[PDB]
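Next up: just one chain, as structure tokens, the form solved without ligand 9F2.
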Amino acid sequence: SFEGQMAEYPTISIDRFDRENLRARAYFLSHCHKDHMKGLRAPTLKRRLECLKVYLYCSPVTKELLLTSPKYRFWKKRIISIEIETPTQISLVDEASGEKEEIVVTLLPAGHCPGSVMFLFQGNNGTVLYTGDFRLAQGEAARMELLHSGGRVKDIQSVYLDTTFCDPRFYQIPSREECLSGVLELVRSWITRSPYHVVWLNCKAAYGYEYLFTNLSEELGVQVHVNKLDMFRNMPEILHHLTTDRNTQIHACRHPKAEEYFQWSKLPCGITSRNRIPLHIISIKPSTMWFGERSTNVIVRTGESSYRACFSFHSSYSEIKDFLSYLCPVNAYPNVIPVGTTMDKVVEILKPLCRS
């Protein structure tokens, strides 16, 4: 994984808050996933804040979701939200020496989960882009204005990028539109059969499924059952598509025993029936599917009442190549070395997409 520090601007820490990141002169959070929040509520950091003034920068939506959780509220006076595509000047103060450094940061949508951004940094040590976690369609980098000067791609020294699926194995992954379309039609065909036909969307406990929930709710006029929606209380574009009311045909609720429940025709929220009549439940499990270069269906049946539906939080190998090729940075560094590859193989895929 990425240890928080870009070589070009090492006095700021991104998506990593422990060890050497404890001495950072400014903090950045790309998005509100635990993989990118290590040490963020470490007592040693709660104290290092109080002893003097360092800030955490992030998207307005990221600030809302972060400050919703009780454990992070100590950040409240120390978070500065930056609007999307708004170049902003930040002052970095060396505590020991009193030296001031000036950097500009620009937040670009990363298409990962709500509030997820890339950080574009400009200053004395070159231009660098930290992608965080990102899913962008092929051709999307050419349509980002603030990666351009006078219709020309900006001169970028280093791109630090989401290499979750950086291998030709994950050559092609269906778009979020194709994924949504597949889920929409499976759900539609099921819940229109009668009022006792309900869907359980088996989703991990992590932001990034809302796009699914909000679009199912618009097209079908049915709110999605969730354990908690208070994180979205000041976000009407999401909130109004969700409910804590169990009386709905679409559930994204969660329970430790959800699997044994489903076996007994019980939703995680513990209902088996409506007006004494047992419900008809299908499970749909969003899960990453991929296709090799020289090798179909986003919906896979797994049982009489169970389905896997293609869904990805990270770009395909093809989408990585497209993004990085277009930017043609001097350097490209992987934010992650997945379990099934190595630094040398990922560098071997990245180096040819760089300048020279």
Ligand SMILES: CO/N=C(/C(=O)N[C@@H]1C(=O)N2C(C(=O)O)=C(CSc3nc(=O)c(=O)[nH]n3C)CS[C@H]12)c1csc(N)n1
Second form
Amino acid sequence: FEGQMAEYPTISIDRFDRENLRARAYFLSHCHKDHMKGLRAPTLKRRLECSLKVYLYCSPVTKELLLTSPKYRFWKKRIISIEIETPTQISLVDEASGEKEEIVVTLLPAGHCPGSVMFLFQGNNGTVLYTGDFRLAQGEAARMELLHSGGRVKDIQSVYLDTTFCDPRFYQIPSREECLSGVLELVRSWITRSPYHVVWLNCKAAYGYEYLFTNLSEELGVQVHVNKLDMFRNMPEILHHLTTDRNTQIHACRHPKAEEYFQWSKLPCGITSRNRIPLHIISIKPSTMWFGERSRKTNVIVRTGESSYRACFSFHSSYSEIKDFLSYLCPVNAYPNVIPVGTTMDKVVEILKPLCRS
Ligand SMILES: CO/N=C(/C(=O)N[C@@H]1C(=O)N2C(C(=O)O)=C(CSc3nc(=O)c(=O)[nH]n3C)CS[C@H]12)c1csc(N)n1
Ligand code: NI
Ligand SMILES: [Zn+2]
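Condition change, the form solved without ligand 9F2 to the form solved in complex with ligand 9F2:
Full complex below, order starting with the chain above.
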């Protein structure tokens, strides 16, 4: 996926370079780097300065997060949030020939990271859904009222969908709740032993772990150490569960060579003792795990060393979830947004084919 859906080529979503430089309107599903290619390129800025009626649309949270970065503040005058599950009419003007197109857009929650949404577009060339990145459990799409008309799913011409784990190997992934419970109980069994027992959550430098931090903090009464928390300045229910102070039993700090540090009983922020008593440190790396069709779930926690663990965590839907979602949507066409590492377009397209009307 390179930004443009065939049905509405004058809009660009999650890609801002190359052909997307002529967009009549821009959309951002969420603040992950690989969906923000070109979003602050000079050539785009140049183009915004001679095209005054071009806006960027996203969720309220996405607006807030994007605008906390100094490098995207230039968007301030041109960003419009759209409320979640609130169908909103948008006008797309031709800068030169003066053509006018109207589209109605509805934001649906994607379950991927703070601010993450799917965009349902309705207009005079059919209904389309761009999912962005999503993780939706079975039944979640069936509950989304604005995907339906008169008790049946809307007629959807094309779905542009997150196919990150769209291969039958990734058949099942433990739920959000199961992942959280496993991590909670591992952390609780360690940090309640003494004040000197500490956990390092080894996380990627990306939004989407806040669900985990918030819940661990709420349940355990401990704030989580992070490198930077200023992006949540106006998000109290996230902010108050994080800290920049090193004196805490849960850390999600980050440092360029941080797994070497852990192999010498140092956390990334450098704290190794308190009252000259060494901290007893375990590492927990949230990581995607999956089970095949014919298997049962195994433990969300995998022990990798005396003091090291992997914990199930997924930003994206399983293959069974993708199939259930698309089966339910029953669009005419389905377009993979991404080719999983070990497969091809043809295999992914052909996996999806039987779930579509043409
Ligand atoms: C290499 O180190 N790996 C992991 C780990 O477990 N990674 C998982 C793996 O193999 N994954 C897959 C995928 O298949 O690409 C991905 C999908 S790639 C992607 N996801 C987005 O949401 C997005 O917006 N853009 N992009 C490009 C997620 S990580 C996961 C890790 C976890 S924590 C930590 N410190 N390292
Ligand atoms: Ni993402
Ligand atoms: Zn730390």
